[PDB]
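Below you'll find only one chain, the form deposited without the named molecule, shown as structure tokens.
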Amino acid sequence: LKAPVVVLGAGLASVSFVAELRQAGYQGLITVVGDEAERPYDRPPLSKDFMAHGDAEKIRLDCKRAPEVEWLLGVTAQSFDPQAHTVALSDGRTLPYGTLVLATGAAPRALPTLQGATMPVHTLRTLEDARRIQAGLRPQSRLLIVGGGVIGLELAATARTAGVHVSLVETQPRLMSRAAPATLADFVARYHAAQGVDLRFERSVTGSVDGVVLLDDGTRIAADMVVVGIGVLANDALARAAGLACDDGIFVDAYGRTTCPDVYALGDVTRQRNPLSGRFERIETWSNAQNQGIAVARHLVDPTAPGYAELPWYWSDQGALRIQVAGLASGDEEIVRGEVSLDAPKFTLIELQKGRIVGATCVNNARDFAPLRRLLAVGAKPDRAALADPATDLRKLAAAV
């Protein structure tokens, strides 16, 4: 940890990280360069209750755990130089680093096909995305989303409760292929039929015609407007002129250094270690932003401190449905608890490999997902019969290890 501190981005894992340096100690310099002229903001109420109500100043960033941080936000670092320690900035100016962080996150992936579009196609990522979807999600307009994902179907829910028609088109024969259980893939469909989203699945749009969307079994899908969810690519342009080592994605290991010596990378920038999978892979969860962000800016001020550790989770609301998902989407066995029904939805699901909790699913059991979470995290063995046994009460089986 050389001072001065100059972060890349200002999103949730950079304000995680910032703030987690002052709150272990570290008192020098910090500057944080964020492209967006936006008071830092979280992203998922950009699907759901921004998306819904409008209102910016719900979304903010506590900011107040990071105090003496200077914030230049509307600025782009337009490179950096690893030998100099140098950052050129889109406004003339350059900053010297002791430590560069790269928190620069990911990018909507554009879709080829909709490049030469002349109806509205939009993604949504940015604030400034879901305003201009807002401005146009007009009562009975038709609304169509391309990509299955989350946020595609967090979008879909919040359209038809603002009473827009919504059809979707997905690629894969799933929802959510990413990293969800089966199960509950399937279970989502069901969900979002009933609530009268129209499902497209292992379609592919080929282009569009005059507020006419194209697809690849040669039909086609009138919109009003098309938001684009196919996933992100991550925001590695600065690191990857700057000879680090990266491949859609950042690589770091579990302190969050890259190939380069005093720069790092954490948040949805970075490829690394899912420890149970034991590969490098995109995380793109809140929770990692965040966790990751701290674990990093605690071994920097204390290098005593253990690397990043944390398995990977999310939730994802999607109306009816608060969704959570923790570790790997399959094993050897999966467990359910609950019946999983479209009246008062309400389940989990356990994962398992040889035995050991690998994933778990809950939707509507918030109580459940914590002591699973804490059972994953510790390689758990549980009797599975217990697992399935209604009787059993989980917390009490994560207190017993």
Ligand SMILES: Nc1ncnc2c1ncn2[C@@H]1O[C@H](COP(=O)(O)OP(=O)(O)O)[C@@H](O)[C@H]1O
Second form
2 protein chains.
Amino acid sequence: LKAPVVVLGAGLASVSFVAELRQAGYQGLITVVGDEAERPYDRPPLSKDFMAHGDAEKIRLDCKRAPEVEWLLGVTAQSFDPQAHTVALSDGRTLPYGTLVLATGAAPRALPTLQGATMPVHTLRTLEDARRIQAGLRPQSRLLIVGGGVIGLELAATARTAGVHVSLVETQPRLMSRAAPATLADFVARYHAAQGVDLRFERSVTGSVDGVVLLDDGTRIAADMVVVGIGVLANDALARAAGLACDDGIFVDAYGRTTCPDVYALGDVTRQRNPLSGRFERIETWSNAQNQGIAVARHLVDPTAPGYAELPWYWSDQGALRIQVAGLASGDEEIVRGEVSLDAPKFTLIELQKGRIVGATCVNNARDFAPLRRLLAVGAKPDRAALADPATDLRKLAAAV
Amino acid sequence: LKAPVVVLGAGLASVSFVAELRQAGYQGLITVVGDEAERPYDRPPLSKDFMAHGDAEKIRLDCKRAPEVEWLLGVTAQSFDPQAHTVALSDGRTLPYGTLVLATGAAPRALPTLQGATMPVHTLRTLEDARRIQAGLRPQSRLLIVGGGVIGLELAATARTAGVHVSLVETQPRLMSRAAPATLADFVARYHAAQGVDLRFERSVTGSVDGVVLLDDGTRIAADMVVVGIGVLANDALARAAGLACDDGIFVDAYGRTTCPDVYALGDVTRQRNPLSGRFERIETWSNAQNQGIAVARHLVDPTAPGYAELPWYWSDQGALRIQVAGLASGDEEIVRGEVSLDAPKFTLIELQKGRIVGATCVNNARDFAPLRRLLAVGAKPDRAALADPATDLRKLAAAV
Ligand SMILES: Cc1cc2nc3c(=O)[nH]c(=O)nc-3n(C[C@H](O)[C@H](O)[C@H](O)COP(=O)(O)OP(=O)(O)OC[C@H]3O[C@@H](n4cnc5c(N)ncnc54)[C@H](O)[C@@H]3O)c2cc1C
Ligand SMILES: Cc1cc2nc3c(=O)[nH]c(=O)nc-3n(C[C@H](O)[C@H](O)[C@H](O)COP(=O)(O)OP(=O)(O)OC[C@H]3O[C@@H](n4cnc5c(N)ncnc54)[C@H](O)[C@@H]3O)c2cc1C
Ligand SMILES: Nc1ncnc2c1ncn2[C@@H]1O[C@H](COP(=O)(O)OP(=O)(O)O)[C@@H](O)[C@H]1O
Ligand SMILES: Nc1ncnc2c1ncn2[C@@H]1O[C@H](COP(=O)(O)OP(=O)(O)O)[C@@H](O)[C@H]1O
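Could I have the structure of this protein in the form solved in complex with the named molecule, to go alongside the form deposited without the named molecule above?
Next comes the full complex, this chain leading.
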């Protein structure tokens, strides 16, 4: 840790990091460069209550645990020179750094086949995006969503609640192929279908003409608005240009170090080790942005601190479904706790590998999720019959281990 | 570049690197730690003329362009401490370093289903391995090779020349799936089949009993010896333990930097950017080991030098086939120069993407390969009709661009 500290990006990873630097006792300069002209804010509300209530003053991040930080909002870092230890800003200024931290997140992938579209086609990442989409959620209008990932499905649920007709096109045979157990994905499809979402599996968009979207089965979907949610791409351009190791994401170790001395990276922009799979992955979650930012800050201030070690997890709020998912989507065994039913949905899935818990899912069962994450963290090997048995208390099991 | 320099591994990447350090003018200490008790040697001969002639004194690497290097042969680096800047050796000594270079290569993957085998099962990476295999190439004996990659096929050709009966089991529908155009792989299969190799595609080994290997189609192959060639795994254990970013290979940028300050990596142990695909890959070639070692050395001595920028290529010698392959195995177009025939095989393949050359293959046509590599390097977009036309001189084309 060399002063001054400069962070590029003012999202959750950046805020979490700078707050932890302060809390851990670093008293040198901190400057944060954020391209959005917005008081730092959290993204999960954008496809949830914000999309429904529209009050941005409910979604701001708490920067009060980060005193004495200059936030340069509405400014873009254009490049950095890792020899000179400087960053070039879009407003013509240059910042010196001792330690540079790249927390620039990721951007929605565009759909090449809609590039020349003459109808509204949006993606959903920013507050500006959310406002633009919400303005078009007219009751009885038709929305097409491209992509059956969590954000697309959260938008689908939000739009149906708003009285919007929703169609959704997914290239895979299932929803949430990226990070969800098949049992969960099958149920989620049944839920959205029951709520009036017109789901099209194993279809892709081939183009569009005069307000109608074309599919690869040679058919058509008329829509008033298209929202594309086919994944994201790391915002790693400054890193690539500066000669850091990148591949749709900046490679970092558990200390957040890039291949360039004195340059670190955090959050959605990073490709990092998933301790459960033992492979490098881009981990695109709120918990990662916060926890990785905190861990990297802590170890910079106190080199005796361990590197980042948290196991992955996320949640999704889709209408009546409060979904929580931790760890790996599959192993060699799944245990189902509760009935999987559209009538008052409430269940837990547990994924095992050779008897060891490697993942878990809770649907409308938050009480079970914390204990399961603890069992997951220690690689617990509980009695499978006990894990299945409804009479088993999971909190006690986690306390006993 | 801080003295002293310590390199872990004494293969081609290490020798190439240390020779370049000297040639570029670095005069400080260089110490190389090599676990094999062997004068540094090249591996390609092991499945080629060595396997046939057995003279190791024809396969040694030239270390004369690396004066004043202490080579600690037959010694294993057990760990390094990147804070203390030391390396712990198996002989009880410790080496200090200013700059540490990890050039530890890769090891053959074992076949889990043969782990408890009670018949000879070998892999082919080292001189010791080659001697052990050669000792068992008894004429009229039966060899089973597991894996239809280049080393397995070179061994197949060598064994057939020696009068050994050869069967080969490949999980994929084709040979050389890793880095060869399908047109080449189809031809190579026809060649080996015509030479008496018993090829089994879309088969896997499930186990073995009393000198017989079992397959997943429920059948059997009797053999006197099994050689497993199912790929390699990076020797990145010291890097993983020391906290560097690794995933079956140490991530490096174009300067050879790892995520740990003052630690570099080179050759088979690295995962690095392929400029043609724009993705990170482990590049398992002789040309990479040499060229990456040279580039990393050059830039350490002269920071104004560019990073590593060479495009990938390899060769394989399989009986009557002298195969050369550069760049990508496929694009959106292949152009075939010459007839593809078992009668005096001689042809060239050119892979294009939107008219730009992205790969090339020469079979028994070395004269064409150099010009094609030059056209590939500049991303030439030659006239496709000219590229096909047998009347076209490729050397002139490369000279004109
Ligand atoms: C609609 C939506 C819903 C989500 N829901 C959930 C959820 O329910 N659960 C969950 O686990 N995760 C959810 N996520 C994911 C979560 O919000 C992200 O993982 C988190 O935002 C990543 O934070 P970050 O700081 O790494 O990146 P970001 O939040 O993207 O912040 C990076 C910032 O850097 C800025 N930037 C980029 N380049 C530059 C530059 N050159 N100069 C200056 N600034 C730059 C970007 O514009 C951005 O403002 C959701 C995300 C979205 C978009
Ligand atoms: C049989 C065979 C045939 C091949 N044919 C061709 C060919 O025709 N064309 C082509 O392009 N490529 C070919 N190759 C590939 C090429 O030889 C490799 O790409 C090259 O050997 C990689 O060199 P390297 O220095 O990175 O690694 P290596 O050659 O593996 O050297 C690394 C050295 O480090 C040692 N080491 C590992 N860990 C430690 C430690 N902790 N302490 C000390 N030493 C350690 C290893 O034992 C090894 O001696 C062939 C390889 C083999 C095995
Ligand atoms: N071209 C495409 N058309 C339709 N669906 C796609 C396409 N590419 C990817 N998908 C699907 O879109 C979904 C994206 O999900 P996810 O990765 O969670 O991203 P997002 O954050 O945008 O929801 C996945 O289920 C994936 O299979
Ligand atoms: N379990 C397996 N059984 C049989 N063949 C395999 C298995 N795993 C991989 N292979 C095949 O083995 C070949 C290995 O080729 P390559 O990657 O060049 O490695 P090598 O250097 O050992 O030849 C590939 O064609 C691959 O499809």
